[PDB]
Structure formats: C-alpha cells, structure tokens
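Student: Work out the full structure, taking the sequences as your base and the hints as a guide.
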Amino acid sequence: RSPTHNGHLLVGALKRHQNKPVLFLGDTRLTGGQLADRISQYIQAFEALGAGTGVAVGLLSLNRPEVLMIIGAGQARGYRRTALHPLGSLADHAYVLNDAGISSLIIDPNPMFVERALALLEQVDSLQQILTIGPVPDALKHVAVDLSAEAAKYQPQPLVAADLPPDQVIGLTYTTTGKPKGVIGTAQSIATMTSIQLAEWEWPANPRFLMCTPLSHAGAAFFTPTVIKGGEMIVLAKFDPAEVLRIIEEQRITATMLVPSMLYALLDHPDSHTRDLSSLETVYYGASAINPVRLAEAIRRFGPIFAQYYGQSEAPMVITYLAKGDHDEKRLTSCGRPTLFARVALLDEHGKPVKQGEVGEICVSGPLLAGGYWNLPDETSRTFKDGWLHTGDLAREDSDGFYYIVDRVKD
Amino acid sequence: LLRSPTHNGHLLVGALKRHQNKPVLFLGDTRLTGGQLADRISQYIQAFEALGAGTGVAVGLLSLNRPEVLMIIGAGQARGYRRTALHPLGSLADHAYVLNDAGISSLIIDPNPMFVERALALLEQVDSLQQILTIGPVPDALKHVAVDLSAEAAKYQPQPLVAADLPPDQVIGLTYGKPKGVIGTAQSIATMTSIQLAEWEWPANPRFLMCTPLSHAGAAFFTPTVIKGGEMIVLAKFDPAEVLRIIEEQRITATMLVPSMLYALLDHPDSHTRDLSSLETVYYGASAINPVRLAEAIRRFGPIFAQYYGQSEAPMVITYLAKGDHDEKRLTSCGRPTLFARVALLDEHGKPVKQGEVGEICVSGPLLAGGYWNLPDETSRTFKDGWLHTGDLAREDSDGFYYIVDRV
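For the record, the sequence lines run as chains A and B.
Residues 45 to 219, 222 to 457 in PDB author numbering are what the first sequence spells out, letter by letter.
Residues 43 to 218, 224 to 455 in PDB author numbering are what the second sequence spells out, letter by letter.
Treat the hints as calculated values from the structure; they're not laboratory data.
Hints are all accurate, no fakes.
For the chain A half of the interface with chain B, some residues (derived, Cβ under 8 Å), not all of them:
| no. | residue |
| --- | --- |
| 1 | 45 |
| 2 | 60 |
| 3 | 244 |
| 4 | 274 |
| 5 | 383 |
| 6 | 411 |
| 7 | 413 |
| 8 | 430 |
| 9 | 433 |
| 10 | 447 |
Computed Cβ-Cβ distance ranges for the label pairs, DEER-style:
| no. | chain 1 | residue 1 | chain 2 | residue 2 | range |
| --- | --- | --- | --- | --- | --- |
| 11 | A | 398 | B | 347 | 52 to 62 Å |
| 12 | A | 207 | B | 226 | 33 to 43 Å |
| 13 | B | 404 | A | 297 | 31 to 41 Å |
| 14 | B | 402 | A | 340 | 47 to 57 Å |
| 15 | B | 405 | A | 207 | 22 to 32 Å |
| 16 | B | 444 | A | 196 | 24 to 34 Å |
| 17 | B | 454 | A | 210 | 29 to 39 Å |
| 18 | B | 433 | A | 454 | 45 to 55 Å |
| 19 | A | 46 | B | 71 | 41 to 51 Å |
| 20 | B | 402 | A | 222 | 48 to 58 Å |
| 21 | A | 394 | B | 438 | 53 to 63 Å |
| 22 | B | 340 | A | 398 | 51 to 61 Å |
Each residue gets a CB set at the ideal place from its N, CA and C atoms; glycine is no exception.
Tutor: Written as structure tokens, this is what we have:
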C-alpha cells in the first residue's frame, strides 16, 4: 500500500523510453537511457562528495543539460534540494541557505554565480563546499569541485529510486517584503501534483514540449509529466521570440509554457504572423499574470490553445485549471475551475463556505498540501488550520464553477 | 482532514457539476445531463437510506442495462454504500454464497421474470435477505416483499449532491473453490481512476460506447469519461448491427469491447457498410485476447486498440498496451506495467527476475485491495506478501512488455 513517489515515475519512464530521445538541449540529445545513466553517475558523485543522502543541497543555475540530471538525482533518491533564484538578492540567498541548513551549493560557473557563491560562503556558515557543473573557476579553485567531472569518473549503474516515506521532506521552496518561509515539499505532495497534472491537464499525446523557462524552478514540473506521456523536451537556454517561433515550426512543438512577458513578445513579433504554429496544441500559462486583452488577441490569432493553471507553493500548481475550450470572453479573468482530486472551497472569516457569487478565500484540503513551514510552527498552524490550507487569495465563483481571483486577504 | 485523500465519488459529483448542462448519459430515449443525473442520484440516496439500504447496509445489484443503474451506482459512489453486483446470468449457488457471505439485506433487481424468480429463491436461501428493491413497478409475486425504489426516489426533492468524506480504507464494494469477496476500498478505486485518466489514451471528450453491463464495470468507464468532458452512450444489449450503427451515427470515439464482441463486429456485413473512422480508442482486455483476430482487426481498422490488464485484487490498471505499441510481436503481450504502482515479476523467494526470466506479476501500492471478505488465510496468501501475488506468471521483453505465459 506504500505510495510511489515522483522518482519512481521518472526512473520508470526513462527506462520505458530507453532508446527514445527525451531531452534536447542545443547540441545535447539525450535518450531515456542516456539520461538515466548520467543521473546514476551524478548520484554516485553526490554521495561521494558529501552532497547526497541526508545532505541539504542548493541549486543556483541557468538552463543547462546537467540541471535535469541533478534534478533527476534528487528526484530518485529524495535529496532535499533548494533552488536559488538567479536574480535574487544576496541577503535573501543567505537567509534561504542558512534556514535550510545548506551544506553544498551547486552553481553554474558563470562570473555572477561565482561571485555569489564566494559571498555566500562567508555569510552562510553551513555552506562548506561548492559544486561546479563545469570546470572549476580559479576564483573558486580552493572551495569548489567539478561535480560533472566526478560524475564522469563514475560508472553508469542501474538507475533505482529510493523508497521514501510519503512525509519525506524532499524539497524546500522559499520564494514579499519579509523573510522567505520554507514550504516543506513532501514526497506525497509532489506525487499528487504530478498525478493531477496528468489526469486533468490537457496533455497532448506524446508531448513535444518547449521549455523556455528556468529548469531550476519548473523543470521537473513539466519534464516528468512530458516523459511519462512518452514525450520529448526541447529546452531553450535563452528566449528570442524569432527563435521560439522558428523552433515551433521546425520541431513541430505541440506543447509549451509561457509567462506574460513571453506571450506578449511572441504576439508582438512579426514572425508570429509568418511562422506556422499549427502544431501547438496546449500552451500552459500561470494565473493572475496575463492581461485578458492580450490573451484574447492571442486566442484570436493562434487559436484557443491556451490553458491556465493556478497553484501556490503550499499547494503546487493544480488548485484550479482553465481549459482551452473554457477560454471564453467572460473567463479571461478566471483562474480556472477547482480540481476534483482535492477539496477546494471559498470560505469566509469564520471559515464557513460562502454563497456562490460572494467573495471568499480559496481554501484547499488534500494530500496536494505541503507539509508546512520549515521550523515555523506558528505560521504553519495559522495557515494550515481547521482541516484547510488558507491560500490568502480572495476569489468569487460563477454559476458554472469558475473561480475569479479578485485580490488577496492582505489587500 | 488536512491531507486526507479524496474518493471516486468526489470526482463523480464534481464532474457532474462541471458539466451540469452537458448531456452525459444516453440510454435510448433517456438523455440525462450531468445536473439531471446528480438530481436523480440525490433522490436515490434519500430513498436508499429511508428504505434501510443506505449507509451501514449491505446492498446487492441484479440488473441489466437501464439508465437507473447509473443513478444507483452514483449513489453508492458518493456516499460509500457497499454494493455487491450479482452477475446477470449467474447460478443460484453462486448468488446465494455471495449474498450470504456479504450479509446482503436488500437486493436491487431489474424486475424481469428471471430476476424476480431469482429474488424469491434467494430470499428463501439467504436469510439475511430481508427485502427486495424493484427498479420499476413491483411485480405481484414480489409485492409482499419488494418496494418500487424508483417511485420512492421520485417522491424526494433533488438535493445538492455531496460526497461523504470516507476513510481511505472504507469498504465501498465487494467483488466476488468458492467465490471470495475482494475488499474494495475507497483508496483502491480512486487510485485506479487516477491511473486510468493519466496513463490510458483517452480521446478528447470521449463519446464512450458501453455495450457491456453497467453493473460490474460501468462506473470504471463512466467516471473517467465524464471527467474528460465526454459522455456515455450506453447500449442496453450487445447487438453487432446496432453497435456499428451507433459508431457511425453518434460518432463514437471510444468503446470498451471484450474479445467476443470485437470478433462479432469483425465478422459482420455492416462493418464494411458503416463508417468506423470516428473510433479512436477501443479499450479491450477483460478476458485475454486472440492475437490472430487482433492482427486482423488492426489490419482492418488501424491500430486504434488498447489493452488493459488487472485482476479483482488490483482493479484494471496493472499493465497497459498502447495503441502504437501494438506490433506484430506485441500481439501476445498484455502490456507494459504501470509507472504509478510497483509492478515487478518476482521469484519463489520474491526476487526480481531477469529480463527474459519468468516471474510472478506482483503489485505494490495503494492500488491493491483490502483483502478477502472473512477469509484471513487468503488475505495473507494472495495479498500480504509485501506485494500482491496475482497468480499470473509473465515474462519481460527487451522494452519492458509483460508477456503472460502461464498461471499457477
């Protein structure tokens, strides 16, 4: 009766598609087996470097082929990972690392992150070693070790996924004008999110996914589902509207995830009128972000291929979902319809369900919920309370069931 | 209830609410929408509890294919009524044993002469059987013991449909040497549904055709169909000509066809006459398959077929053959094991066998059922090995395909 975690699903999918290319990264095509072998080698390196099981490891990297190998290692064996934001502040990075007790920092060896690593070594006392994915820079010569080279020294072994408890903390998302709170990512929570993605989101058969967004933060969230459904993922390291539209035309991209900025840029590009983007079946996009009028323009120009998802860090990505066919003029301001795999309700100040039409607070209940806040019991008890996670988002509901996010409780 | 899982009824109620105005059920003249179905389901719930056939009461189901069967099923799905479906053409001995073991107090029957004679005979055998529940006007020979469940439900007013929050391991069903009743738990069934929606190749808005009994397997296809935004055209009986007609007329995109039914469709003059292009995903795999006829079906209609495999102990999602994975060598395969559950071919000691070695299909995960009704020895033997001994022996292919060779 023991639940399977994300690692089980990922390892198995890579084995299922051992000869099928699952990753494309500029000049790096990896098949399922190729990726699995590299992930196994990375695991070996991690454990030998003292950045494996039982160790909190950080990640400050841009889109690289190795990022997904690191992610896969942490998925399989349940390494507690904390992703640092590329454009985050030193103070915030320090807080995050110190709070999570991060001992090793995997960085992309570019000048900016090299400087950050050095500075963090001073502030973060738990930070001992730096792992560089790529030849160690001379500024970090005495404090860093090429993790990629260590992995290459190791031998590809059969990839296995550690059987972890459902409540095993496998991640800490911090993400304000205040101290970042570490949302406890449990094995169960992530597995639930993935299951709902595959069960409710309109995933194209064999999704040809275009990842134009940070892998450090949303890689596993799309890669795992893509390859479970037998798909390929072309990851862009940079966003150039022309290039993106060209890739869709050439590689016949069926699925992608865009942010407001990306959508607007594509819309405004002259090549969007020229390139054939008929292959695009499902474009995922986030909640409370894309201007309704620009979204309408997009629907009129490229078809209703757009699908909105809404989630928090306490309830990752699948609270609500707006379908492509449900993208009507009225629902351009809607975040979507509540999931069935989790109990979602609009409650008032007293915690009683509001009437349909009234503005209430989105509240979620189910195993999608995260474990709480890292070493913050009071905040956990004030957010996850009375059998409900209190999102802090205010919303109303129409006669059909669509939630319309008005504001925040804070507001 | 912070992190408590949801059950199949939560999904069912929610889907009927999402599609409150979208036609969802189609049996002959009865074209009920999601909201209409929900209303009837509520009325049925009210009647069930009043007649003493609701919560805490073991109920039985001996019916054919009526639109009311789905309302009865929906009631038990939402509130967790332990239902035990009796096989239409089952023997008296089987039926009696099933009812006696389960403790069936009320028997919902389709009021056709055969089932009313069976009802009377079962009343005499099973003494726990107190009352009968006729779906429709009570026959005179049953008038002394049966109630028109349909009329009872009609008295009640449609109430908002709610799904009773049930514990993960709540016995919500009992599926039956001597027939052993598998303990269907809320969790097990919910897991099955989730895997169906995720791994199975459901077409966009499945226009499902149900030429199979709504009892036993109806919910397992209806719920996913309506979650995917589709509707179910259910045939009262399997008649090849009719099936072919519906595929053409009502643009059927999905159909569960057991081996026998598929063979009959193949050998029909109307298979050449009617259009079958609308058909996208044919689910099959109830009871094995003949690779020869599989080949001929793929030759005629394309690779639009999909094989599922699963025992009573692990619903219907152990392995799954994909439409495109149906190769000439893979006509004998049962499919590749699911990623969402730990399926491994084990040895005598329980050691994972080699690729090319014959082992026992063993399933670990929330999918596996509770055990066996009042059969502790069998719970410890079939289940409780840390896995689930299905009793099937299979062989792994290079790609991972399981090839059922033999059975213990």
